[PDB]
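Asks: One letter stands for each residue in the lines below.
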Amino acid sequence: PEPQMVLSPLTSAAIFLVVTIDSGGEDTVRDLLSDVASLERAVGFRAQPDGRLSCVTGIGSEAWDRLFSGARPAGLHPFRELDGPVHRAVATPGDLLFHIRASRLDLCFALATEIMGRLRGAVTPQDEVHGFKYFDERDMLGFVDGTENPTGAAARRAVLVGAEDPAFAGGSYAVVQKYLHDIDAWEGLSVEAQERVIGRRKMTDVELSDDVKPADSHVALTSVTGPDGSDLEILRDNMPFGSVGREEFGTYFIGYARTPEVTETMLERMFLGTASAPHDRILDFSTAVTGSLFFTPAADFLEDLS
Amino acid sequence: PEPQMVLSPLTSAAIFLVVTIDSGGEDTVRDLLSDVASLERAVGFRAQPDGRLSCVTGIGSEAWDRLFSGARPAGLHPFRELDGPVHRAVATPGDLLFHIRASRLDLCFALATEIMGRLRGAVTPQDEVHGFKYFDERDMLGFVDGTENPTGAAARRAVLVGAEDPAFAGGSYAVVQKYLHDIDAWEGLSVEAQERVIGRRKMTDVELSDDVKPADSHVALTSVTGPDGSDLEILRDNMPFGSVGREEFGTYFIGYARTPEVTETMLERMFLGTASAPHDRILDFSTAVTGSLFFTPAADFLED
Amino acid sequence: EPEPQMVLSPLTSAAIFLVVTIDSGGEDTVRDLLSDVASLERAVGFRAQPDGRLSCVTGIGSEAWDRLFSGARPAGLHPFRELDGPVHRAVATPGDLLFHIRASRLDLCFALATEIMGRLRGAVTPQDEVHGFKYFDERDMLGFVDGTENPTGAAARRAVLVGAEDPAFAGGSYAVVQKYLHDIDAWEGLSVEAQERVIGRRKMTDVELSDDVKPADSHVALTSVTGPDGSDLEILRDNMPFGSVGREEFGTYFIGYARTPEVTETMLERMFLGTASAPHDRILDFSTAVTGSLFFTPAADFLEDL
Amino acid sequence: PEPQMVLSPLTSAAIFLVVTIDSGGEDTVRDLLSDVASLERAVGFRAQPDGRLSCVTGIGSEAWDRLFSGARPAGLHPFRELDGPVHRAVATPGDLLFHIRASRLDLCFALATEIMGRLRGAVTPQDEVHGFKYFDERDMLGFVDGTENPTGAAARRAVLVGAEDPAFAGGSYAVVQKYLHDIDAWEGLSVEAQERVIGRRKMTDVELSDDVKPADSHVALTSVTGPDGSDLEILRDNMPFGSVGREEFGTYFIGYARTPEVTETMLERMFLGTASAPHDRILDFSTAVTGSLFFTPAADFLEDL
Amino acid sequence: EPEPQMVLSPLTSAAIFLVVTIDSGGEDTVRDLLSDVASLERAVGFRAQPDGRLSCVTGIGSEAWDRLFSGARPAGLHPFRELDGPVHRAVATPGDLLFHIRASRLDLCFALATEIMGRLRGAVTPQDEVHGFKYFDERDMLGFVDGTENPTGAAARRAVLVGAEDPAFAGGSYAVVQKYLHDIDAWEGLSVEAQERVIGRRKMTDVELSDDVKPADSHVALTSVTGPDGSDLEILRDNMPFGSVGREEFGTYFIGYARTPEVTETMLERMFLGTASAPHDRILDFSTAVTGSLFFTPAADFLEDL
Amino acid sequence: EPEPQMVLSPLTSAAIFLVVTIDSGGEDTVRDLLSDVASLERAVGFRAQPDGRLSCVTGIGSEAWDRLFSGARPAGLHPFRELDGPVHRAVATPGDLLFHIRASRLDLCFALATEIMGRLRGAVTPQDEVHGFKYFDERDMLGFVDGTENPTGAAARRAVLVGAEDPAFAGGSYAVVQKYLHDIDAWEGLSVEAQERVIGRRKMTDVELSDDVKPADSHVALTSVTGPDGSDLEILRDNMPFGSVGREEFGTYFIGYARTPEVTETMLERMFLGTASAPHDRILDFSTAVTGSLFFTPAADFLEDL
Ligand code: HEM
Ligand code: HEM
Ligand code: HEM
Ligand code: HEM
Ligand code: HEM
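Chains as they are written, first to last, in the authors' numbering: chain F, 8 to 313; chain D, 8 to 311; chain A, 7 to 312; chain E, 8 to 312; chain B, 7 to 312; chain C, 7 to 312.
In case anyone wonders, no lab produced these hints; they're calculated from the structure. Backbone N, C-alpha and C define an ideal beta-carbon position, used for all residues, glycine too. Misleading hints may appear alongside valid ones.
[What the hints assert, rightly or not] Restricting the straight-line Cα-Cα distance to at most 20 Å, the calculated cross-link-like pairs of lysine to any residue (SDA-like) are:
1. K209/F with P234/F
2. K209/A with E194/D
3. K220/A with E194/D
4. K220/D with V198/D
[Stated by the list, open to error] Derived contacts from chain B toward chain E, CB cut-off under 8 Å, selection only:
5. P16
6. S19
7. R111
8. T120
9. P247
[As the list claims (entries may be wrong)] A short list of chain D residues far from chain B (calculated; beta carbon distances all over 10 Å):
10. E33
11. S45
12. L46
13. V50
Go ahead and model the full structure; you've got the sequences and the hints to work with.
Replies: Quick look at the structure:
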């Protein structure tokens with residue numbers, strides 16, 4: 008039971024493609040889904056081993072009923088919108104997800120071209136984001152991003168679907184959200200004030216202790232224990248993007264999870280707040296402009312089509 | 008006389024910023040100009056030595072007259088539109104060029120942000136391009152790009168203004184064009200046909216021999232010799248850019264010379280053709296959508 | 007759980023293939039070297055980690071196995087079989103032992119080779135010695151990316167490693183080697199599109215030709231075999247270009263591993279003898295086999311207990 | 008059960024930190040143990056992938072009883088002095104071990120500063136050693152060091168506690184000894200004589216054939232078989248260190264095994280000898296000045312405090 | 007065209023600083039080493055190329071010059087001039103010989119250090135041994151980027167190497183070393199804004215503060231000196247973090263190279279004595295000098311020819 | 007003003023030496039190649055930048071120079087002088103053109119050598135072809151670090167490049183080639199100390215032996231030469247291991263550049279003929295020269311105007 012490259016080595020370029028399937032285009036999409044792995048190799052092999060090109064393919068809830076006629080994954084539903092008192096997490100269209108990652112952008116682009124070449128006439132692009140990491144694993148806010156991601160075996164258990172849905176083991180659920188930042192408001196804050204928003208030191212990336220960590224900080228609200236006192240983790244690979252001329256500076260959120268319920272819980276706590284926290288302070292500097300949910304099947308599920 | 012980093016080592020990433028100066032923004036621009044060099048140091052230093060972060064700052068003909076007074080660079084003028092029978096080389100506004108290049112896209116972005124943060128309210132963005140190179144130094148047409156660029160002392164003599172304009176020694180002229188490719192039409196040709204368009208082999212990057220190479224191939228037309236039989240040369244740093252969603256696949260042309268004469272002859276010879284050739288066949292798969300000319304002064308000129 | 011030899015090696019840029027016959031009397035010398043080869047590998051390799059990626063796969067032939075070991079024989083161990091095709095011939099040349107030596111540098115290969123041969127002076131006669139170099143973009147002598155469609159991960163393990171079919175020799179594998187000599191003059195007279203029709207993949211971009219344009223007699227068409235069930239049968243290749251410019255000798259060293267030699271043997275049959283659909287493999291019109299040998303490569307454990 | 012980073016990729020720098028816990032500093036220490044992995048991530052994450060930063064936390068027999076009640080690991084005991092006819096392996100105080108590794112020494116120091124930062128006023132430092140490895144993987148004596156360390160699965164089985172002590176599976180036993188070399192004496196030997204001392208060729212690092220190898224060579228005396236007939240292996244990460252001014256040229260021995268018996272048996276043969284060998288010839292040029300034993304638990308054990 | 011020592015090193019990440027005093031009788035031994043020092047560098051360095059970047063700069067003190075060499079003395083060679091500031095002292099401490107060893111890794115420094123000190127045993131007494139390490143993003147012990155404003159290329163050469171104005175010692179340089187111990191506790195007590203105003207640069211972005219926003223008792227302000235004509239007097243520095251986490255030692259090792267010592271000295275006067283506008287350099291409230299020494303580092307030609 | 011060939015190449019770990027004689031009537035083809043040798047260098051090399059470090063040094067023999075160009079001859083150009091010593095012999099062998107191809111990868115060397123020879127077939131005859139690799143620690147086949155005392159920077163330019171003494175040929179160099187075969191068996195019967203006394207340096211640490219212990223017939227002793235003015239005379243070497251374990255060939259490929267071949271020949275004489283205090287060079291008791299040629303390597307622009 009072989010998963011896709013969900014658990015990728017640290018990459019520094021990425022392309023996010025989000026497309027909707029035009030009416031009639033179902034067959035063309037199916038043809039591509041079976042070749043996506045072959046196209047990964049076709050492009051990636053001659054740059055190996057330093058390219059680390061990998062494409063993760065996601066399918067939406069509505070798209071699934073169009074493409075496959077059999078069983079559905081148990082967790083697959085449309086992205087749930089969140090009307091918070093102050094902050095709103097929108098749901099935007101998107102039937103397919105192409106999460107492409109590499110050491111260099113051209114490998115991402117090359118593969119992105121191939122995929123879209125096939126899909127021409129069959130799909131409509133909704134979003135396309137060229138991401139780049141800030142050489143010290145920092146995001147647009149200037150804080151280190153991905154410190155707390157699970158690794159090794161914790162990663163496998165947190166992300167890959169298992170025996171709880173045996174027909175779809177090796178799969179994962181992906182949530183994507185495009186955030187825009189108000190760098191103006193943000194850089195108008197003191198470095199200590201920023202630390203209260205995130206819940207970690209800016210330079211040293213040391214976590215604030217519980218004596219000091221405010222309850223409405225990002226790390227406070229995304230820290231979640233389950234019904235059995237153990238931590239619920241997601242796998243994130245946030246990527247900066249933007250455009251100096253247009254004044255756009257963004258974080259592209261993408262979180263993988265064994266079940267959508269984990270990442271949905273965190274999302275609620277951020278947007279709807281909790282007992283002590285009205286919302287995640289990060290949201291006063293971050294507007295989500297997109298929001299979608301995808302199932303990323305096992306690699307052989309895609310292979311065993313055409 | 009210290010030049011800007013016009014002779015950069017090979018970089019895999021780049022940003023091209025073109026801006027106009029808003030009316031009454033001249034003073035803000037002058038302050039920035041005497042700082043570029045030190046922002047370059049600030050941003051790029053802690054990513055050394057692998058960073059290779061360099062910005063090159065250009066000034067358009069009109070912007071020069073608003074910014075400075077007195078003697079002007081001999082060959083500084085706005086880009087000369089070319090109206091050929093088939094193809095056109097368009098001129099588009101642009102007062103300042105920022106040619107930012109690093110081994111990493113994020114160093115470019117960090118430096119662009121600083122520069123732009125200090126020009127805010129004083130300039131209008133005209134063009135912004137985020138450029139990457141293919142792993143094998145190929146462009147969007149799949150051919151190796153930059154092989155016949157000059158190196159070392161040959162480049163220095165070809166790009167740097169010297170004694171023919173002593174007041175502006177250490178400077179250079181940069182011509183920029185944004186080109187979009189009709190990839191669909193390109194891939195319609197066979198390899199051999201495509202080779203007769205460029206004038207070099209695709210795979211091996213070997214120049215076609217003279218008794219094969221069309222008079223209308225790109226390499227045939229952009230090879231110009233002067234009256235003493237010397238090769239007239241420029242320094243190119245073509246970067247591919249694109250958006251897969253919008254089917255936009257382009258090459259961002261930038262050429263550096265000691266005088267626009269050189270670049271401009273090549274341009275004429277490409278768009279308007281010669282006695283043998285109607286036009287450069289590469290233009291049959293490439294539309295120029297921007298065109299601008301800048302003077303890239305000596306570094307010590309900016310630090311005043 | 008038996009530890010196999012480094013059959014599944016990371017990509018390496020350099021290789022030395024060394025093929026010897028055991029001189030009469032030399033048995034016990036060989037028997038001593040076989041048990042020390044794992045050690046020698048580490049000796050030469052360790053001080054150059056992790057860039058070195060030095061490994062040595064040691065293979066034993068059918069007739070030499072009877073000279074060396076009392077006991078059971080690997081199920082599929084036999085002398086390489088000549089194939090007398092209408093047009094093309096696959097010759098069988100003598101070989102008792104294989105040393106497939108792979109590193110990122112020719113020198114690490116040469117130092118291990120020097121050490122192995124140093125221990126075997128006067129026990130063996132050299133049949134073949136090839137210093138191979140991969141091109142920077144993973145391309146072969148014909149200018150095509152070579153290795154694209156190799157199995158990776160669990161696919162590679164299940165494809166190459168012997169298991170329950172022969173429990174005694176679990177973790178073993180089978181190597182078929184062939185030295186090919188190319189007619190580069192003829193090859194370069196073909197157009198790229200013609201060369202594409204010979205291989206079955208696009209030259210520049212290394213995309214498989216689509217099932218509907220792929221000629222029946224292309225390399226890729228004839229080397230794709232399906233199993234009883236319809237599981238595409240797989241081998242693990244590590245072709246290496248080798249050459250002498252002054253002798254005008256442009257070559258590809260073929261080595262392929264499988265769990266059973268019959269998979270490889272099927273493919274050779276189809277290449278050399280042809281099918282109803284294909285006269286023979288078009289790659290043979292530009293390639294001549296000048297050697298052919300077959301070896302079983304036992305698990306590391308097997309070599310250590312001698 | 009997720010274990011500690013005992014099986015590290017090769018690193019070129021390391022810091023070894025040995026402390027004892029003062030009276031009443033138990034709680035300060037317990038708070039650290041539960042944060043230590045998150046400190047490792049905090050300092051190490053942004054240096055990835057080059058960084059290869061990691062820290063292994065060991066606890067001694069003494070400190071275990073102060074810090075935890077309940078079950079003790081099966082093999083955890085104080086380091087035992089060996090008083091050979093000639094050579095002495097000393098025992099020296101040490102309750103906590105920090106084995107900190109990276110490609111760069113700054114990362115090590117960064118992490119160590121964090122750890123001790125939290126421990127200020129609770130622990131007394133017994134030893135601090137900044138290690139570096141030579142570029143061709145040679146040690147202070149000039150020989151490639153670490154050639155025959157097990158890798159992959161062999162390493163897993165030799166190093167990690169399993170079914171035999173199931174409440175501590177994923178834990179490990181680390182033995183530590185600070186050696187100071189007599190370089191003058193050593194450099195007086197010819198290459199050939201030095202090889203006779205070690206057991207392997209100096210330049211090529213090829214092992215000497217059993218036909219030739221002395222029985223009091225280092226390789227001879229540290230080669231151990233079991234009743235199973237299987238080789239008994241440990242994992243080492245010996246590190247050069249010193250100061251040219253004080254003429255201190257050393258090797259810092261750290262060895263990991265799934266049980267202390269293996270390490271102790273190797274020590275026994277080196278210091279007390281066999282029938283064939285009076286002692287390990289390496290000791291004629293090497294003096295142990297520290298000696299401590301630690302149990303390095305599974306990570307999730309430290310996390311669950 | 008005399009060849010200078012490797013005063014202008016590529017960026018190096020490790021360093022050993024050696025300061026020794028020459029014992030009674032040690033002249034002959036020292037003179038021997040000085041004549042062999044450049045070839046010892048090559049003996050240790052060459053087999054580590056090109057990653058090694060191992061180099062050693064050798065310096066001779068004022069009192070030492072006269073014990074070693076009859077004849078001309080470098081123009082600005084004199085003992086370190088102590089500065090007894092109203093508040094802060096810049097101490098002088100003994101030193102006849104300096105060995106500034108830099109490489110990409112520490113082991114390479116140590117090996118050279120062992121070789122040098124080996125030849126010198128009995129002839130010298132060590133005063134100071136510092137093993138230095140730069141942080142991965144060129145930060146010092148105070149968490150600020152350190153090196154940004156160093157000159158490079160033709161600027162550095164003009165700034166550092168002796169020329170026409172002292173023709174016999176053209177290609178030499180003047181090195182000043184001081185060991186600084188930090189009160190990290192005081193420092194880490196300040197806000198990032200506070201710290202930024204002590205240095206005069208932004209902490210994360212390393213952007214210089216604007217001239218009228220930058221305090222006059224700031225470090226950048228006080229060490230910015232214009233000479234006769236309103237051009238910047240430059241020096242070349244390679245400060246190395248060092249320390250010990252047990253003894254709570256956290257230090258900068260300052261070393262500065264100049265064409266003439268007057269430059270470094272003017273900068274020191276301004277730091278310790280102050281100006282009209284400023285009492286003393288604010289960095290000095292977090293930093294205590296514990297050593298102070300001046301050396302002339304001659305051209306390699308000079309050392310070679312004795 | 008005059009631009010040389012890449013004589014002063016950085017460190018490369020792979021090389022190909024190609025020696026060819028020019029057939030009767032082949033002169034025209036040869037001249038055409040010479041004018042394009044730079045194009046082909048950029049054609050093979052550019053796509054592999056920056057890592058490839060591909061370079062080609064073309065040299066021409068004395069007898070070949072006469073056939074190829076009328077006009078003045080490099081002052082120092084002449085056929086290699088046979089040295090018929092009492093024990094050892096430095097044989098002269100035919101060679102009209104030398105292609106010294108260096109890169110960080112052998113495959114890049116092969117690709118350029120293919121291009122050069124492709125244009126040359128039917129006009130030249132191969133005399134020698136050697137594929138060189140350097141050990142990871144810069145060691146030669148004798149196990150000694152090789153190249154330690156080679157000059158660098160300015161010093162290397164003074165020693166290598168023809169200057170104003172031959173103004174027409176300013177920027178050229180003289181290259182001497184000798185292919186040596188070693189008696190490894192004999193060499194390995196010596197203790198390290200005995201070997202050390204042959205070379206004149208310590209094996210492991212590569213420290214030059216002190217003048218007290220270093221024999222007068224050691225390799226370093228005999229290849230150290232002072233000119234009539236007391237300055238060391240230097241050559242630039244790039245010795246490359248080569249060989250074949252099958253045929254017991256263990257070699258050193260010797261190439262030495264000098265601004266005048268007189269420097270090199272001085273060294274060859276001392277090696278082969280000896281001095282008062284030395285019968286011959288002890289290295290020769292373990293090394294046999296099988297080839298011997300001398301070529302002039304012109305300025306790059308000399309070849310461009312053909
Ligand atoms: C559509 C955008 C363009 C593309 C994709 C392109 C691509 C190429 C390629 C593949 C080559 C051959 C390899 C090499 O770089 O040496 C080349 C050569 C060259 N191009 Fe272009 N080019 C473009 C536009 C231009 C323009 C506008 C100019 C001048 C105004 C120019 C000047 C040159 C020159 C001077 C050469 C080298 C001539 C020689 O081989 O001696 N290019 N270009
Ligand atoms: C003359 C020497 C040979 C050359 C130059 C050569 C070259 C290639 C190339 C370029 C490919 C396509 C890229 C790839 O998938 O790796 C390929 C695929 C392959 N070759 Fe060969 N090959 C040679 C001999 C052989 C032989 C003798 C066999 C079998 C006995 C073989 C079996 C295969 C297989 C199984 C594939 C993959 C087929 C697939 O796409 O599923 N090759 N080879
Ligand atoms: C004085 C400090 C020490 C030094 C410098 C040292 C050095 C070496 C060297 C050079 C080797 C050969 C290369 C290798 O396989 O790693 C080696 C092997 C080994 N050493 Fe040591 N060693 C030291 C202390 C110890 C101690 C105290 C032990 C036992 C507790 C030990 C156990 C081993 C083992 C087990 C091997 C591998 C044996 C085998 O070949 O299977 N070492 N050591
Ligand atoms: C306590 C030890 C010291 C530390 C930690 C330190 C740190 C720094 C830092 C962070 C900078 C700004 C970034 C840079 O340009 O490198 C700097 C700049 C500088 N420091 Fe220091 N420094 C120290 C001592 C000294 C001393 C003793 C001198 C002079 C004798 C000196 C001269 C300079 C100069 C000249 C600059 C650059 C001036 C400019 O901005 O144009 N430093 N130092
Ligand atoms: C049999 C082939 C040869 C081998 C294996 C060899 C090896 C070496 C070695 C190991 C060194 C010392 C390390 C170094 O400085 O590079 C050396 C130095 C040198 N060799 Fe050779 N060599 C050979 C042939 C030659 C020949 C034929 C010449 C002269 C024609 C020569 C000239 C030199 C010179 C000038 C030095 C440096 C001497 C100095 O320290 O100033 N070598 N060689």
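Asks: Evaluate each hint against the coordinates.
Replies: The hints, checked one at a time:
no.	hint	in the structure
1	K209/F with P234/F	violated, 32 Å
2	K209/A with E194/D	holds, 13 Å
3	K220/A with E194/D	holds, 19 Å
4	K220/D with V198/D	holds, 14 Å
5	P16	violated, 17 Å
6	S19	holds, 7 Å
7	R111	holds, 6 Å
8	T120	holds, 6 Å
9	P247	holds, 7 Å
10	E33	holds, 20 Å
11	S45	violated, 6 Å
12	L46	violated, 7 Å
13	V50	violated, 7 Å
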